[PDB]
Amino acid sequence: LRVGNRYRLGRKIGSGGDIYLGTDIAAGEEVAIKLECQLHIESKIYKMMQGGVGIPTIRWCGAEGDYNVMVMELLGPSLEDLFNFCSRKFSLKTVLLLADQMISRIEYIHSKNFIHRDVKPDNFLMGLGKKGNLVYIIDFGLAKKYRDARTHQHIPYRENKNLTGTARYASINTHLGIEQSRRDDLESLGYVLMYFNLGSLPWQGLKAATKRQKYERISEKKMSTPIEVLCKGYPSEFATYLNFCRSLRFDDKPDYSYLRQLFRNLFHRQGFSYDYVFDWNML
């Protein structure tokens, strides 16, 4: 069960390669271990992202027996696990506390010349203990460089591309086959926030013969659902957010500060406090 002299491999607990529990024997601390029979590609991204708020720390990376191994600090449940535990209903306060942090995580990945390309509830995990108020972002398996690290030359505009994320949260431009850029991670976040508000999305649970037929039905439903209808009965900020994302040009640097201020002004109008008391903390 030995991993890089100081780690002990525990039980399999999920998938992202498979995810196992483990122990840093020397420090007396539980860890998360990702085993691969892409791990190296992804480890380089995590390494570049190190030091960022809500970026998980990679303790060790190497190879053991038949596997490539990555050791990460242990984090808490995903927003999808917490949403299901909360009966698929989050108060407006929880959605807004989450939106503030999620915009910041996305901005940080973009500042490091990458786009995530798979913004969904399963890829945001709450921290544990003293970091329990922190939203972490994970899984750089589908991530891609959008600009040169030195020159900041944006990748060219490309058409006729495959869907490289989850269909439910994909941007309209992703359904059209356009190369993903910064605007696309933010538009996906906009659908995640509306999903937390509604408990479901209108293009969710569409029946079809093939998965490619289902994506074409999701595309059609998204393109025929006005933002004002999708967001009806919820504060206007959710619609304003999605409209701003949809207006972004391919190589535009999004105004992240404006997007955070949109939700922060609504948060203050509602009289909420930034005490990081989420719905699940009340249970």
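Superpose the two forms; the largest set of C-alphas matching within 1.5 Å is the rigid core. Positions refer to the first chain, counted from 1. Compared with the form deposited in another entry:
Within the set 75, 257, 243, 29, the hinge between the two rigid parts that rotate between the two forms is located at 75.
Interdomain rotation between the two forms (smaller rigid part relative to larger, C-alpha based, rounded to whole degrees) is 9°.
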Contents of the next structure:
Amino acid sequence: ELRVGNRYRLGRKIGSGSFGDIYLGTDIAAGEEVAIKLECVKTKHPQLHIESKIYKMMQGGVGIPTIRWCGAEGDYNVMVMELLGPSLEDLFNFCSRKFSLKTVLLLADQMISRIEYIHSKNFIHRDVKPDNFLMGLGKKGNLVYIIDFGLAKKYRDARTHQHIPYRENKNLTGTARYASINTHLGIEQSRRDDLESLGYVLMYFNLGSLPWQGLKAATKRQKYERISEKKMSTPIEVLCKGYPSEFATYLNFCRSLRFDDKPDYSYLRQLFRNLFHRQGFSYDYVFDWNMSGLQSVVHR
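Next, report the structure of the form deposited in another entry; the form deposited in one PDB entry has already been given.
Just this one chain is shown here; partners and other molecules are left out.
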């Protein structure tokens, strides 16, 4: 039988993240299903080892998946993770790409906290998107996890908290649909960018799509410049038309942070909670799922 570490039976391919492929594994010992990330040993720019060390640093955190086994096996470096539930993208499709306001607000509160936890451990994620949040299982089914640290980077020194320097003339690392405008402008990413990306994620939940998604461009790579122009020519008040003003206030706050500003996460949470109460919502962990067209691409 085919195993990694002689511990995990390899299953079918279930995805393809930042740098590597992800398959479904079965812990032979316990029987528990796992996720198995593989990276070819001569990937020019290896990353699975660095990602695993990031995961190991975050281990204690609420909504941080457990890393079970690292090692090298044949043509591959191997990272075995705890398997979680469906991604927020998965649940979005399941609910026919419409989330209620309450499900969006429930999710907003946890996702802000997740990003703050990463930042508190001195890292920025740089790939905030529906695919990189998964719900937990069974009793953890109401818990939003954040995954995929393959694009994560240290933003400040662990000892001195000296911020990495401001920089321009960068190329995009993450997903074009949710990148911050300053990322579009080539500026080094920092904490504000994780949070601004979340802001586009939340508006993407409210709308079913974003206005720069599925832009009908034939040639690729120039596709990137057209997202940026639509994103820059769409005011946040127009993007957020038809929805509580809190979503525009959130985005304006994120765009207004300076490069090395510490975000006021407590504020951003309060901005949503208060609206949550005004709707008469109870925190009962009841999400929507408890009850040609657009073919856009995150890597083009």
